[PDB]
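Residue strings, one per chain:
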Amino acid sequence: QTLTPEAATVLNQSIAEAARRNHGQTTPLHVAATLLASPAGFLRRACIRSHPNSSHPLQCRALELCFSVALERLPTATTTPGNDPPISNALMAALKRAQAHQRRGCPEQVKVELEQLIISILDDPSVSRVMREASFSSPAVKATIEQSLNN
Amino acid sequence: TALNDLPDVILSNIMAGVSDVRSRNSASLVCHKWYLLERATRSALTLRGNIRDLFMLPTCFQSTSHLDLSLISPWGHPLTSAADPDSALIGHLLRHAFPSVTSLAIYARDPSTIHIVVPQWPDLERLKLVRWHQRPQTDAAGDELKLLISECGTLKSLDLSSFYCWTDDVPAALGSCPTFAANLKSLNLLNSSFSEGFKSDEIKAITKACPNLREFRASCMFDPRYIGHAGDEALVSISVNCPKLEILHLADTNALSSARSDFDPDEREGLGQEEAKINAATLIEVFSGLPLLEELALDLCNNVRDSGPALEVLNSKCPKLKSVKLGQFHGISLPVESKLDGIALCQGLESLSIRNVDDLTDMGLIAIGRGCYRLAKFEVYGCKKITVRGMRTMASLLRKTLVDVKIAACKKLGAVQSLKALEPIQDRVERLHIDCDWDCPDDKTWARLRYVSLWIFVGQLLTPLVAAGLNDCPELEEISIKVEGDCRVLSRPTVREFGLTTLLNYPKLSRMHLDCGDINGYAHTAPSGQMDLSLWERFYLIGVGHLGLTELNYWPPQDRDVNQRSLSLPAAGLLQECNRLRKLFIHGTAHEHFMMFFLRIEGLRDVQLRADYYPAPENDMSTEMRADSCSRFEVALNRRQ
Amino acid sequence: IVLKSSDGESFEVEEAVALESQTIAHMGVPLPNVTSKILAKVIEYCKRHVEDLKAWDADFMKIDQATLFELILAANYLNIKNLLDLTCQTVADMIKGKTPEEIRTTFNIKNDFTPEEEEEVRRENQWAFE
Amino acid sequence: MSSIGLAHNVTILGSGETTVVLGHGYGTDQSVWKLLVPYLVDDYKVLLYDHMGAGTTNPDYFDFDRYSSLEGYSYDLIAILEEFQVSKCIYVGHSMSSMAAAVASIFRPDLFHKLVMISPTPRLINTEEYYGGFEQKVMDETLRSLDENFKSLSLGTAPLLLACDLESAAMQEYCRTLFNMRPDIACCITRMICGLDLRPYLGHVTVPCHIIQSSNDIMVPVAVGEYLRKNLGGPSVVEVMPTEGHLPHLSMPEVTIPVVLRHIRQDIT
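Chains as they are written, first to last, in this note's numbering: chain A, 25 to 175; chain B, 84 to 724; chain C, 2 to 131; chain D, 16 to 284.
For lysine-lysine, the following DSS-like pairs were computed, each having C-alpha atoms within a straight-line distance of at most 25 Å:
| id | chain 1 | residue 1 | chain 2 | residue 2 |
| --- | --- | --- | --- | --- |
| 1 | C | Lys-97 | B | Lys-591 |
| 2 | C | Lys-111 | B | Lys-116 |
| 3 | B | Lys-116 | C | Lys-97 |
| 4 | C | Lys-55 | B | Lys-591 |
| 5 | C | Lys-99 | B | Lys-666 |
I should point out that these hints are in silico values taken from the structure, not numbers from a laboratory.
Take the sequences, apply the hints, and build the full model.
In structure tokens form, the structure reads like this:
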């Protein structure tokens, strides 16, 4: 309930994706792969802007590949799909980082916006490790997002 | 009970006690809990990497409060350049990787680097700027320093002791914003790279802009031959404008040189040896205006005579005084009969550094030792009249507290005489400096000696050191050797090697500084029948592989005319034989072929070429260093397994 | 003042020694969280602190690892800053100068790091000048 | 940029249509020109580079088969000139690099407008009828020292033999920089230089040459210059300057630089 309607929307979409595969826990990989979808999201433009080699379109789709195959390495859980798998402790750490980053950006003064959520998820070690072997840099795309936020 | 079962609060407390970076890295590999504790506990980080892969920066160091970006490879490379629009991203990058930075050290090669990186942390409290390269041209004075003044800034400490700039840049920047200058609680301008020190007007403006300075260090010009030299008026203005000073370090630029030929009055061709514009009454007024002073340093390259009354006033007017460093202050101790006077009345001193006192005699040393009975560190330089008897008696007087002694440039006190003088404190002294002078005419366990500093003239041998008296040092761990002189006039040494194998006498020796940077010779071409610097590097580095050194700092000798400090083939070959090396820092230049010699050392981790001298090589064209060579060397060293 | 151990043993404590511990000073006075040797080992150090020091401290800390753990637990319970910090520093000195496997051997810690995790942590560590 | 420009540390400075290419001698790098570049960038486009044997280049890129003869260096120079779109360049080279430039001009005359040579020599070893360098037995000592250094480095020990240990007191100056590379590369380059002989090819050089020599030089005889003026197939001029040492353009700039500039700017030869 501490998220904006768009952040909550993408979070429950990731939850639905996790329940489809019955893969134990809603890892940050699920929510990040959900970010890769929904082309209106800032993630696509950030990824194309960050890497000059990423200007090639299909390479961006390979990111989903680098998630999908990684998502193929998760043993499934013996539970009914009509339930919310317990979000991992790494996911909670990511959400707390998102809340903290939102807090530190307004010293004068909490619903987390989409972009901070994306930055926090990219901060996750597993997502960054997935992106690294795909030639993508999580720090680079985070910096690109944060610079674009200033506009 | 096991450690893992303890509450996490005391686990954080115990992990915070581990300041060794290597052991912290080891501890982070124990388990997940240990990894989290180490990552959330680490407070200081010195970044190690290349500019190219800065976007491979880890984000696990979210709790570091002190960040040092001055050692990013290539050393001195511009961290941020206006030629690349993406350089701004670097700012954000750093701001996102280390959000809790309160102290920052950064190599400020270009103004854009400052303007983009420094304002990232509004809570920044301490800032250190490093630049040994040339000053970029700006429209006015202090334009690059004006970039420090951020809106949400609260900078309290500014350190420019390694930041080369014009002395007009500091007052220009400090006068552009009263709030920034008023918030400063410390200001370090003690830079030896200034061509000439701060003028009198510049000192007045700096002090007037910063009325809240608790610490003030500056490289000033006291030579009266120049126009605008700092004198009595500047000191009085310092005392008036900054009544809260606790540390005051004023030195002539030449007094900060590494080479003794630049500040020693005897080794200068008649330079110095003339009175400065400093009176005893002026010093009395200055000391009266500074009640909170705790550390004082007046290291001048011009004489200040009959300064005894001022130092007597120091004791009564500065009760908190603990450390005094004097340069060419004469009449400091002139005892008559048995009454103490001068610095001998400052009974509260804990350390005292003395340089170039003509009046000082054995009785002066006796008076200093008898009066300053709390003295723990004593340094004397260039006193021609003191002898072994006075120094030995002074050491006996201070036997209960004196643990750090430096005896340099004393004509009647050589190596043997210094070691005989320090006999009463032989089992208590911890740090020791002597001059390796073997030509001075006229139960032995250094139980707690831990650090030895040696100065020796070029072409002399190290072998007599053991015979000098420094024989049994079970706890000696680090030795620093500095060699100075002009070898363009010397012939080839008759003895093949300098004698580093002598240091095999000390079983616990593991760290060394071999500073040959103040040797002037011929780099790649000698006129005729002369020897280049490679011969001397071989002479000095033979046997360095036999020592079990784990850390080594090497300063290659320089060719002053060509302004190069290149590593030579014998130097690289001999450093290659040090198998047990862990850290190797070379303060010069070396091309790729010689740098690749160091890959044979299996345990070598920290290798870098640090040209921390002025002027540093400006670009890859002017020297044999290339950015690609450094990057390839780093990649080859990290991938070693 | 007389203090009582968890097992029921009773010891005598000086007023300044009692004020050394924040918990004791702020509060018979039983102590059901410390053993008898805990008091027997902390009393002399507290008395000396109320009153050569380095040698006496080195002789004081020449104890087994389990005893040192009991001491740090007791200091945490008593909220004594000096004793807690000193003993934490002593235990931290055991960390330095050893490889991770040696640390696990000394402290009997199970290794749960997969090789990929170890590689990642070493890659992160390589960014620090040691 | 390109792979060729990165392998040779190519730097382009200055402006103007005329191009001056600076080729350092063996044992040094482009930095040896750091005193001459300021006098050129205002009215010339200066190209600096390091040949593959230089200590500032990647030792893995060194090809022992290709750089066993001067043709490898000539082809590398031609590739560098063509990669950066340089034509009718003025080549200023030090000893034994101007030979590579001359061979390249033989191969590609269009690339070179003039050649400025500092203490050049078509052959380093003196024969019975040729007095244009050093005796074979005096280069034998240098080769022996380089072989010893390579052997010692192979076994993991320090190479401790220097040019200052040579006896001739002129080989000490001439081969001072040959001990400034990796020992195996140094051996290969020194053997290639010793075996080099460009006397037959001198008649095929058509570009003008500006030979610059030191007065009564003890290392490379001045007579060589006259010999070159007899065998070159194109216009040639010779000048003598009161300098000494192997690197006059670095150690003695106040005398060498005016001569080099004069020969660069004057084309009549």
